Structures are given as structure tokens and as C-alpha cells.
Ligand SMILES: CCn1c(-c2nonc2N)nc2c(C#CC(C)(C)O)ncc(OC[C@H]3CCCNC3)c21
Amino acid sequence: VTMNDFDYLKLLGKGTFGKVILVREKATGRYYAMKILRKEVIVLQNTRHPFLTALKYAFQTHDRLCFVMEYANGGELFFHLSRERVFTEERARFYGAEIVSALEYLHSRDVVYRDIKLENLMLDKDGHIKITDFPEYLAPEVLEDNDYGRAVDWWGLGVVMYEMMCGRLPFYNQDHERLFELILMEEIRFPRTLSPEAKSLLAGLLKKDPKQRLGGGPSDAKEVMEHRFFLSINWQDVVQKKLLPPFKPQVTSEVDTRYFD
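Generate the single chain structure for that sequence, in the form deposited without this ligand.
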């Protein structure tokens, strides 16, 4: 595989060590996201899961590292939360359930995702969540001890479920400057409308002390899975993609270039 097999479309993102572009395989007409890393500026391989974007191809040039990955067709979950403003606790339960499924798989392989954040969640054609590897609300132990334990994924989950159900970040009402002290020393507050089970989920997922945090115990995801908030979930079902997505993206196929804009 080489650069000559793809047609450029648009730029998707640009980090320090490289960039990501939306491309289209020429012999297949299918859409992809190519991650190009500046060799000098400086995994993904075998970990496969329904809610994680898979790696299609991987080739190097003379001075670049390229990663051609599957790119979902729904919009970005951020786009969808904007419009709706806020999701129903059931709609969030769905997403949070798919993510928890993926986080269990990764953690059972000794992998900490590190990037469970709204900007990383997309929807596929049928409306299922897709975790992509494309104010930053870093976890407290990351801000204090630069500690990237598995616990940080649950914290990422918590910030996402909070925004999805509250319609806003935990400290949207307090200047970015003081984000560092807040996360570290400010208790998080929840809306009144929120259900008793919902507040409980967020309270446990957003606990500053990683050992206290939900998911932070030795049995990892079991704590999260068996939380009252997730009583209606069929774990073996989500992983099979048996649940009906609570929202259908509105795309004809996986080439309906729509949502790319």
C-alpha cells in the first residue's frame, strides 16, 4: 500500500507530531482517516473491538509513519450533543455503555486509553459509538502525579457522561485559568433534574482519589457495569451490537460523504 492508492479530501487534525487527513481508497472508493507522523518530530495493531476504530493499513514512507484507519459516518458526538443540547439519561446510558464495553476490553489487555473525551467520540452509519484516536479535563492524579493508571479512563467516562447529561462541563461557569485548582480541589455539583441513579454514577466516576473512584477498584469495570445506573443493560448484548441505537445518524451508506461536511 502507498500514498498513490489514496485521494486527498480534507484535513481532519494537526498535532505536534504530525497530522490526520480524510482520504479515500482508490480501488475501493471507501473513506479513511490517515494519520501521518513526523518521524523526526518524534501501537493500534492487534487490539480490535466493535466500538474502537480499527487500523486498516500501516505503511512508512522515507520520513513519515502513516496509519490508514476506518472512519465512522455519523457526525461527531459533539455535533450531536450541541444540537440536542442535552441527551436523555437513556441515550447517554447507551453511549456510556458502549464505551464501558470498550474500556473493559482494553483494560483486560493492560491498556489505558488515556483519551476518553467527547471530541473523540463519533457515531457510525447505524448510530453505534466509535472511539477514534485523533478545555482539557485531565484527571486529578494526572495533574498531580502525572499518573496514567486505568482509573483515568473512568474519569474520562465520567466527564463525558456529565456533559452528555448536564449539557455542560463540570466547571463551564469558571474561567479556564482556574481549571487546574478546581479539578484538584473543587467538589463537582449536579443539576436537580438528574436522576438519583445518574448523580450516583457521576459522583463515583468523578472522584478525585483514583482508588476511591468507580472503576478504580481491583475488579475494574465490574464496579461500573453493576452500578444501579446500568441496571437495564445487557452487557453481552452491547458488545454484539444487539441494542437499537437511540438515534440514527441519517446516512444512506458508508460512502454517503455527507457528515464530512
Contents of the next structure:
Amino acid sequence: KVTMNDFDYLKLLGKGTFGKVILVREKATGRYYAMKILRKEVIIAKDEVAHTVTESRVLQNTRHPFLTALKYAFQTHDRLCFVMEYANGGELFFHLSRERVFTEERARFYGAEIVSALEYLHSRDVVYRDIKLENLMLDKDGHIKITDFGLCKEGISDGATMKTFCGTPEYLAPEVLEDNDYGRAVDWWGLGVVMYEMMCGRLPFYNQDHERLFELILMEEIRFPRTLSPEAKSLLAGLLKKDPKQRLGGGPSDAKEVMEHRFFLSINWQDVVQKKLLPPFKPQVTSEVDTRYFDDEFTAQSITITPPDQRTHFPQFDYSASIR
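What's the form deposited with this ligand bound like, now that we've got the form deposited without this ligand?
If you are looking for partners or other molecules, they are not here, because only the chain is given.
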């Protein structure tokens, strides 16, 4: 049984209201991982139990080069811990914040890998629902690693629907901002937003006030830099079509519509999944504990245990990759 003192706790990689993520060393092997630590108290209060159990359940059976691999899922009396692959290259958000914009070529590389992962998830009836730059990390070679599966939905095949109002506001599809249910096409909209950010250096829609933001998402016409290629303009127009039935990827062939798009004309899709495409950017990390692609805001902070206030057991948190 895996416990807290099986790991050394080295650096804070990220923190939010959800909890915290820490660079750990596994004592027994000396190998480095990221550990997401969540307080059960917060999870229950927020009504996120089912979502968090689902996060473990999906990760236990997913295997794909561009999804983050789970090593352990374990828990204590007051905490839930995910031990997972450390994405040395950090978030795409980090890189785009520094570089401001990616070339169409570089965006195409990341985009092809995200499309590959979303095809795989959708084939297994999983809707990810949280595509954003913050959840798109890079491994040490510069390949995509999708992280944070805390808003996934299972059992969603072509035409099936979902009702939970969830996601990140700036990335929410217009149909989610309407009453009743929505389908898997929301993931393609999400790819639309991140592709737009990568090539245009800004969100297609933004206001600090969510009420204004959601009106923009529902109502505003997207704009493009004049210099963008016709097929990049076509790709983003198709992914960010407000009607999910008319959206690129929103038909019965799902990822195939996106894969066959003229923006990805140069891409051989079997090379993508086989990791044969060369990353344009290779993270220049020089050790296993190197956190240069993570914000100082987090890594400067000292690690500190929070004071707490019968069975408090969560299912799906006694998992090991060695055992299943």
C-alpha cells in the first residue's frame, strides 16, 4: 500500500483551489514524478467526488503517447494523491506567454498530437471537456502530454449528451452556454480555442466578467490576423463554428473530419501517433529536477502541510500501474 512517506517532496509545481501539484522523488526507485494532492474535504464541499473518481478510473485504462500516464492513485484519511509522469517541458501556457505566438508550423505539430489524443478518447467514449493551454504540457522531448482529467465524462458515444455545466469559462463552447444538453463536439471547440491562441496570440473571446465573456462566445464573430493562411483561417472557422452540428469534428466521423482538413495536409496521422514527427521545440532542461518551465510563483514556495479540522474511503484510489 502506497503512502505519503514513500516520496520525497522537492518543489511546488502548481497550486489552486483544487489543491496542489508537487515534484516528488520515489524513495524506492529514485525516479521523479509529479503528485497531485487533493483534500477530501474540499472535494466533497465542491460536489466533485464523482468527477475525481472518474479522473482515476479513466487514467487507469487509457494508454496513448500524448496522455499523461498515471503511476499510482492512493489516499489517506484526508487526502487523495495522483502520482503521474512529470512533464518536464511545462505548460503550453508558459511557452506562449513567453513567446507570444507560435508559427503555423509549430501550432500544427501540437494540434496534430492533441487531435490524435482526442480521437483516441472519443473512440473510447470519453469526452475530455477541459482542453486549454494550461492542461497541455510537454514532456522532455517536446511532445504533448494532456494533463488534468478531472472533468472527463465516460459512456459518451456519437450523439450522446451531457448536462453538467463545467469547463474553463474562456474555453466553453456556445452550446454549453444554452439550456439542456451538449455533445462531444465541445472538445473540438476547445481545440479551436487553443489553436487560435497558438497562432493569434490571444483568446478568440475575452472579458474579465463572465457574463460579458459568455455573451461574446455566443454572439461575437471571430477575427483573424490578415497574414494567417487561408487554411488556418478555415481550420479555426470550422473548429469555432458556434453550431456543434456544423462544427469541424462534430459529425459522425469525429476526429476524421479534423484530420482530413487542408490545414493538416502535410500530416501523416500514423506518424503522429508513432511519435515519428520531430518536435520543433525541445525543452532545454539539464536535469531531472529542473523546473525552469514552471512559474517561479509556485516553485519559490516552501512545502507546507495544512492542519485538519470512521470510513472516509474513496473508490478507485488504491491503483498501481504495476498491478493492473
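Numbering follows the first chain given and starts at 1. Think of the rigid core as the biggest set of C-alphas that the two forms share within 1.5 Å after superposition.
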property: Core-superposed comparison between these two forms: the option from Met34, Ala221, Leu52, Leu202 whose CA moves 2 angstroms or more; result: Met34
